[PDB]
Amino acid sequence: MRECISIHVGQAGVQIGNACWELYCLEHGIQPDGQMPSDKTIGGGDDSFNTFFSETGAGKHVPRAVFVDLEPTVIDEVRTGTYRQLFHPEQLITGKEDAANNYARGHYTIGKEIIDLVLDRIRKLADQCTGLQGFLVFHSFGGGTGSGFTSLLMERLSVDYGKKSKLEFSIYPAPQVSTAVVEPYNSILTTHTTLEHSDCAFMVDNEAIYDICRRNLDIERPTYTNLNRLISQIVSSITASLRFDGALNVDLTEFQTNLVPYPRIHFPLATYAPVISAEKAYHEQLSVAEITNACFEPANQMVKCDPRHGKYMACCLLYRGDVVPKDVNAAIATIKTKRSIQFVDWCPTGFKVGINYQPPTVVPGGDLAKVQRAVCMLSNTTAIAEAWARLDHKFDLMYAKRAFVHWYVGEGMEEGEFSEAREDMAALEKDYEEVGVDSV
Amino acid sequence: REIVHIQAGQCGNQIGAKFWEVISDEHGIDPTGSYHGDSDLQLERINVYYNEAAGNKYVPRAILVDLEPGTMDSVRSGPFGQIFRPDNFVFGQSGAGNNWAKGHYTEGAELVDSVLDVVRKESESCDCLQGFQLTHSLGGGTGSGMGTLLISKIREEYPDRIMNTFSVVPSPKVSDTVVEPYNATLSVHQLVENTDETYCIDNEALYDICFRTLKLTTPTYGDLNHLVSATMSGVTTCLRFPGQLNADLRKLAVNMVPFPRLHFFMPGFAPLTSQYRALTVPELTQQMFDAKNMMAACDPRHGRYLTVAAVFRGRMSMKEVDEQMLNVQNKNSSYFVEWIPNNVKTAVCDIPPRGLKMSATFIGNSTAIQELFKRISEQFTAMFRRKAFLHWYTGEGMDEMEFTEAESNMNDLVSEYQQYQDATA
Ligand SMILES: Nc1nc2c(ncn2[C@@H]2O[C@H](COP(=O)(O)OP(=O)(O)OP(=O)(O)O)[C@@H](O)[C@H]2O)c(=O)[nH]1
Ligand SMILES: Nc1nc2c(ncn2[C@@H]2O[C@H](COP(=O)(O)OP(=O)(O)O)[C@@H](O)[C@H]2O)c(=O)[nH]1
Ligand SMILES: COc1cccc(-c2cc(NCc3ccc4[nH]ccc4c3)nc(N)n2)c1
Ligand SMILES: [Ca+2]
Ligand SMILES: [Ca+2]
Ligand SMILES: [Ca+2]
Ligand SMILES: [Mg+2]
Ligand SMILES: [Mg+2]
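Note that the protein sequences, when read in sequence, are chains A and B.
Our numbering applies: residue 6 is where the first sequence begins, and numbers increase by one.
Our numbering applies: residue 4 is where the second sequence begins, and numbers increase by one.
Read the hints as simulated data drawn from the structure, not as lab findings.
Calculated pairs, DSS-like style, for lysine-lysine (alpha carbon to alpha carbon, straight line, at most 27 angstroms): (1) A:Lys341 with A:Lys331; (2) A:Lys331 with B:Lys295; (3) A:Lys117 with A:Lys168; (4) B:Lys390 with A:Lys169; (5) A:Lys435 with B:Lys390; (6) B:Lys390 with A:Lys316; (7) A:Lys357 with B:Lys218; (8) A:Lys357 with A:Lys168; (9) B:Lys254 with B:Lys156; (10) B:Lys390 with A:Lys357; (11) A:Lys168 with B:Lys390; (12) A:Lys117 with A:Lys129; (13) A:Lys316 with B:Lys176; (14) B:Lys218 with B:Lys295; (15) B:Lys218 with A:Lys331; (16) A:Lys341 with B:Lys176; (17) A:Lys129 with A:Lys45; (18) A:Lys375 with A:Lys285; (19) A:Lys65 with A:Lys129; (20) A:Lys341 with B:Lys218; (21) B:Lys348 with B:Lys254; (22) A:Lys168 with A:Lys435; (23) A:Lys331 with B:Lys176; (24) B:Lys124 with B:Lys254; (25) A:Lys343 with B:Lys176; (26) A:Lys357 with B:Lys176; (27) B:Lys377 with A:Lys357.
Same shape as in the complex, but just chain A:
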């Protein structure tokens, strides 16, 4: 009970979903055919892993997931790949022509033709839930589908499932892999449209993931497979609280209470450690203190920004593996006495901690070394606004000349939606400034 439905939208969402569900199957001992020998309750159960997997009478464990894309080539690779058997065909939904990196096509023109089918397929998953908790939506900011259709979906989910919770995993565009000039336009349009419909959004900067793969894994030129496998680890650490249970396990919802002081301020900064190659990991086991220190080195953040030059509203540490509270408290004490950690005056400075004893798993043939303990830090810092600022600046440069705007107007959008969305971002940037000022 307390099930979660994952929705993977667009190329980035689908391929990241591929890596995530591959990792989930390994962590839970589920085979590519869906069989899990260790589950003795056939066809059902109330185990922790049943929050992400349903069971069939034949013993198959089926992800509670929906994959959606406006063109079929990416989901086709799932339909013929190692884990084809895992998903029932109805969970894999494809159009025929994509959004061509145009938010309008994903939200209006092309998204309009398939939205009802998607909602009906999502409804079929919800009806299988005894106590559905909410949704996990994986998508990119830059893609026309990842931005436009996601916005449409989020709007429609708020109507069909009231305020039932919806979490985002959003891919922030980076020029090193972003092959589209219009991704700033799509980013602002979708952030504006989903803001009222998202309770918590975890942003992943491809540049940050790109640098981490180059720096810590010594991959000269990482691929999407390298980036996604790393992203899966962060996603797994965040969702491990929902899929496993224990005496030190803190539910993600309990963390969410601390991470969202205001509804609009729901963008946590994620930091993960250790990311280490098997060549380095050999004869160098990292301690609880070492990985905790890494959580405050900005080179390990999912989003490029400077916490040192901002203020904290919350700090959460999610450990998994061989970790006990004593070592955690010691490491936190040393870090507090050495590093620039300033909280806003209106919130306590404590750190909320959770521990999962199931250790991290790595995909066979990957670049990550298997480690005995790992940590993901979730922090509400004003520094995250730097990401909005960089993106808003690029938006302003092109929109002042109306560059590429005709592609959106041609699909039925009005200039007013652009200015309306940009103004919302201006308020959002101002909101972050406000929350950081000292009281009177």
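Given the structure of chain A, go ahead and fit chain B with the ligands onto it with the hints provided.
Below, chain B with the ligands alone, put in the same frame as chain A:
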């Protein structure tokens, strides 16, 4: 004179379970409900907390409540899981998410009627109901929100019965979430009106005691609950065992509560445990009046005692306790109000707790309890002046004046403690 016990929420049900474990051992009841004790004094007042079922089995008169089944399933599996009446487990599925509004207004309201049904069935089987006791925390949502909701409903159906609580007060040093000051402030306003006695168990003190005095580097909730169960056993010893003290909940409240709103007590215990050396009566009295043995993080020398009750357990010189009890008076005579003569009570129970030849429980009605409410009020205002984390509550239907009203009532409670702290004859 039967008591009805209620435990609500994660914290309430765990400290409640330990409680039934401890007193069950003292009364000679095994995990299955069968009596295998040596003395008839164990049974003379077993009816106060236990019903006698078919087969000469004794069943706690307890009701178990929570909005999520997690902790209650653990209780049903724990050591003394099988002793509770199965129909007395009343739970929901969703939970309260550490939200006072969900426990008090939305999620708890859905389940409250089902809980009161079990209360009625337990009360109808009472020869003469004496009152209720509730175990719960004030920082969460179920024990805090729904717990106070239950209290309001019980005072409606049983307006002339005593309602007491063992309430765990939140502390940043032992904190699950940041909205804990909000939930506590909303709960206290309810306790000021609808309870006769509230024992303020402060997690700040329980941690400081486990760490500083007991020298425990990494205290767990289990370590803190060992202190809580021992105290609740000591507090209830005056009713559970047969001295020449005719103690009833109302009579005890009449003797301890000079003013209706000032009914928040500081518990204390001695010796503090987690050795075999026999403790001396002078040592027991000196420790039980020491700030290091108090369950509320307040300094008694920063306020004054309205009333005090000391309970001694074991076989000792009743003369010597009086001499030492009369002695300690002088060492803190300035800290006792002179306008309530003979305001220090002493009780003795021949039966010691488990693995202790002599123990002492301390119950103090001191104006220094005010320090605790100021602490919570500060943490409350630090967030409320910026309206931080309020959306969690406004989303459940609450208005901001309800927060302002609760704030003002606690500041009123603080001011009321201050006037009597400065009052003289
Ligand atoms: N991290 C990550 N980002 C990706 C991946 N694939 C695409 N992206 C991002 O997506 C953007 C390109 O748009 P697409 O993802 O192809 O757009 P779409 O959501 O598939 O929908 P269309 O506009 O129709 O193509 C770029 O900013 C990429 O950084 C991926 O596998 N991993
Ligand atoms: N002493 C003690 N306090 C606890 C325990 N669990 C929670 N608390 C306190 O209660 C607060 C959290 O509330 P919670 O127990 O979740 O309330 P619930 O949702 O009604 O179960 C924290 O601030 C803790 O101080 C426990 O096992 N022992
Ligand atoms: C929360 O439910 C309960 C359950 C059981 C007991 C109590 C309790 C105990 C107590 N200590 C002993 C005492 C104190 C003053 C006295 N005066 C004359 C005899 C006498 C005895 N004092 C109070 N007030 N309640 C509260
Ligand atoms: Ca199962
Ligand atoms: Ca309901
Ligand atoms: Ca009814
Ligand atoms: Mg595409
Ligand atoms: Mg809890």
